[PDB]
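Next up: a single chain in structure tokens, the form solved without ligand AWV.
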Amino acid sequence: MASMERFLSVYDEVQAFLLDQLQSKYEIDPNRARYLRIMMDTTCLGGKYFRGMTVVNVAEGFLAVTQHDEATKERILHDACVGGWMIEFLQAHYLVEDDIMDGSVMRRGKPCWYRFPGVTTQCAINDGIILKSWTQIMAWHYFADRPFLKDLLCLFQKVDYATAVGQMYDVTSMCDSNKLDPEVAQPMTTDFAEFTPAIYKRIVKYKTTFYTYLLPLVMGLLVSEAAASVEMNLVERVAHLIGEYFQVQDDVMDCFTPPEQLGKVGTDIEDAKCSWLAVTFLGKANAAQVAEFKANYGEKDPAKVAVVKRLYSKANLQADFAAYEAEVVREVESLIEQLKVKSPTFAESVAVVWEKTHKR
């Protein structure tokens, strides 16, 4: 069976399980079951399933070099699918809640969930709660007797938390830290002193890299009972590096990719986000350019946004991007080499992860 069809089949299985359980144990009625079914589909399906498929790919790599009964190979692949769906549902949770938090309009060329007419924010916030709760229901049901259950729940839990911490770093990235205070409405920074490499890296590491790259890789290891074929500190380092790169690309596309291709109208400039463009721009700008940036960034006014875009184009950031990319290729290659020592298989899965990120 091809991996994707296995993964998609398991979605139908897991869906059926969750909805049958709501009927048998939670007293649900058919219409509310249907609402949840549609919610699940709308929020969890239609992306590339990169995250969930990474769990499957890591597990397949181990299967090719480890002796097992056929039924064991099936059980491991089933588990890697369930585990992959746990990640996809965790993402779904964060995309639902993030879109409400940010007042986002679209996602993947469709309206954000909360904007569907029969949803509304009042329901959507809870719908996103349910999404994450379903990850735990999946784990407890499918992995009840598994030796990796403890480690998988503990890992999931740390990654979820890291992600919410990351979200906090992100939403607060345009405030001055010394001014944070629940009692006082928060001004946007005027100095941009916090738009640094170190601060950017912190936002991205927590907000994205733990759930997008560390969790799929380590989950594949856990369902394969392979966590001793790796040095975990290498896995962490390479995850943090590739994830950073992913976000840098996402940031560039927010400003420069046509909305029909992006699946949304990018607003990082108006939202005053700590983007790779803004930090790299401020890293090379002269006094006049810095001043022009301050006068126009973080404003909904299209005139001011076009001024920021012009400032980015004029500042030749494509060159800094090529240079960053070179350095990431170097470091990722180095880490892949170091991972070959203990597991050539795992190293190859990481190479694939990197190719899929680097090319897209």
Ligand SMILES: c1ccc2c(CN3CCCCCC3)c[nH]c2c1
Given for the second form:
2 protein chains.
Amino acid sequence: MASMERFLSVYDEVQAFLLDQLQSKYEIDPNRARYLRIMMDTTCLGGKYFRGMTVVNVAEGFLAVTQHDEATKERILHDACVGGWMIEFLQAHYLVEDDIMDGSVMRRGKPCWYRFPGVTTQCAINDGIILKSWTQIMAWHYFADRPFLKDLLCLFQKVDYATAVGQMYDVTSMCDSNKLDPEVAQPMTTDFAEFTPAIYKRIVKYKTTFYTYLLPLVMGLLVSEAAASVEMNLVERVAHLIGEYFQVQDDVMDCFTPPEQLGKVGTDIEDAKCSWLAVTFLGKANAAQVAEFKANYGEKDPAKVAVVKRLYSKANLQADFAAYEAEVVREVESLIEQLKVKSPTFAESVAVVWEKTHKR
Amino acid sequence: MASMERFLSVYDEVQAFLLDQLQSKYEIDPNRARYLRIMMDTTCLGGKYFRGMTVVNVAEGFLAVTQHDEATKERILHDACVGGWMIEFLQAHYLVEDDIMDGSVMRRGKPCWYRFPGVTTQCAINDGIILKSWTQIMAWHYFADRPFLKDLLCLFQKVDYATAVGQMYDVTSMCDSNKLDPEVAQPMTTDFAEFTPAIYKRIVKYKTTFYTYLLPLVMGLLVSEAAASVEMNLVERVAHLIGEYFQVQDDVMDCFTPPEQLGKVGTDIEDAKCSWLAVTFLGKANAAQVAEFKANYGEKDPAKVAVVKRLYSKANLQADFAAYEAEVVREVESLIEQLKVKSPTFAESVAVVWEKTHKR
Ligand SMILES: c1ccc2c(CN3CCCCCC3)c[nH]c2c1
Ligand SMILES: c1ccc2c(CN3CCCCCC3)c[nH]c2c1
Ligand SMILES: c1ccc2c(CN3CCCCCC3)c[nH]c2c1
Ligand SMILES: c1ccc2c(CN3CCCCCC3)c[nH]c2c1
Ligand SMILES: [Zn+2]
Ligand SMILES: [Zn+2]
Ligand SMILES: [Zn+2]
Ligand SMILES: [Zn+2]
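Can you now output the form solved in complex with ligand AWV? The one shown was the form solved without ligand AWV.
Okay, now the whole complex, with that chain kicking things off.
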């Protein structure tokens, strides 16, 4: 059976289990069950399922070289699917809450969940909470007796926490760190001293890389009982690297991809994001370019957003991106090489993750 | 050492551990550490600590009748304190998110967290997320090797989920169930057919009783390794009953306690809450009283909120409250009696929980 139809079949199974359990144990009525079904479909479906399918792909690699009964192969593939949906629901939680936090309008060519007429922020914040709670309901039901439950829950917990810390890094990236104070309304940075590669790297590592690359790879190893087939430090280092590349590509597309293909109107410039474009521009700008950037960045005024996009264009950031990309290819190829020492199979799953990221 | 100074000492220990771990493992800077310290103090401290201290009290009861080394007594008391702070942080999460959801202005005589000038909703939603993530960081660090970790995490998970489901029950309690539809803006009920005791009971059981009474009692039993000293069905039934009484008292105070003593201006009437007052009023109103209620309920207009408060006053709901209270006393005394069959110690902790609720 093809990996994707297995994954989607498990979505239907996990949805039915969750909604049936709300009816049998949580006293839910049919109308609220329907609302939660529709919230689940709207918030969890419609992407590429890259994160969840990575768990499945890693598990498939190990199945091709490991002796098991047929029934055990089916159990491992089911477990990989459930663990993949745990990550897809964790993401769904963060996308719902982030869209509310950032006052976002669209995602994947549809209104943000909170903007649905019958939802509103009051409901959406709690729907987000429910989405993350469903990750734990899935785990405890499907993995109750599994030898990897402890390790999976502890990892999942740490990655969820890392993500929430990265969110804090991201929402505060345009503030001066010395001025952060719950008692005082936060002015935007005037110097942009904190728009550095190391500070950018810290945001992306916590907000994106742990849940998008580390967790899917390590969960594929845990459901496979294969974590001692790998050097965990190499897994962390290659996750780091690939996830950062993913986020740099995202940041470039925010500014330069047509809205019709992006699924939204990019607002990183108006939101004064610590973006790869802003850090890379400041890393090569002359004094006049820096001064014009400070005059225009972080403002809704379309004229000022256009002055920032023209500054980025004139600054030939395509060159910097090509150089960054070439350095990432060297380093990720080097880490895939080191991974082949303890597991060729796992090294090959990382190579697939990298291919799917590099030209998406 | 007095229970309360032990509990507060552990807050300082757990705060230091969390902030030190953010610095050693999550690359946090001093200014963001200070912001999170202040968010933790502002959102977790200043209440009565009833929920957390219940874990400590249940553990203290078992210590008085169970042979242990001194060091083991100290470990159980520490564990009860950490488990109590897990519930206090879980509550803090829900109070932050609920204040944002409901557009609340004050809590405990201070602005809601999201309303602090240097916070805003963008940050506060994520601060709420962090608060619940800290529950899991506490558990995994302090309880890593504990025999009760599995059972504690599974219970905690289910109670958190129940609470989020109850939130959904509460925010949708003024909608007609058949009209719930994410695609369609929700009108307020015109008939109030769903303002019934059974529907009220469902809201309160899920939103309040699991985290405020069931979880503290059962966590005190888990850290004590004493869960087979009790009939879990009796624990669920007495938690049910006491928690509902707590929420009925809350609802009455929303309408009738001066704001200076409430710590806020009650808005349940304007928010069209399915409150004990609204259900109890509709349970005894004549046709003209019901019609005037429908004309005025669920509107910001102070004149209309005053018409609802005068309707409640004229309706002598004090009588209904006295009758309800008398029925709760019978039933809770009956359940404390049944609990004494398997554990007198535990029965006595439930009696203390009830006394502290009954005349607060
Ligand atoms: C699709 C889905 C997720 C992402 C992210 C990652 N960020 C999402 C926002 C919430 C938490 C921060 C991480 C960048 N681009 C995306 C395209
Ligand atoms: C500035 C920097 C880089 C680029 C690119 C190259 N793109 C490759 C497609 C994947 C996403 C990365 C961007 C096109 N326009 C740019 C302007
Ligand atoms: C102090 C603290 C908590 C409560 C509640 C319980 N509700 C809180 C709001 C969030 C989740 C629903 C439960 C009622 N009155 C309170 C006084
Ligand atoms: C309507 C219903 C009951 C009452 C009470 C009795 N109060 C006892 C104090 C604890 C909280 C419950 C309320 C005073 N005014 C009321 C109006
Ligand atoms: Zn965001
Ligand atoms: Zn982006
Ligand atoms: Zn509320
Ligand atoms: Zn209330």
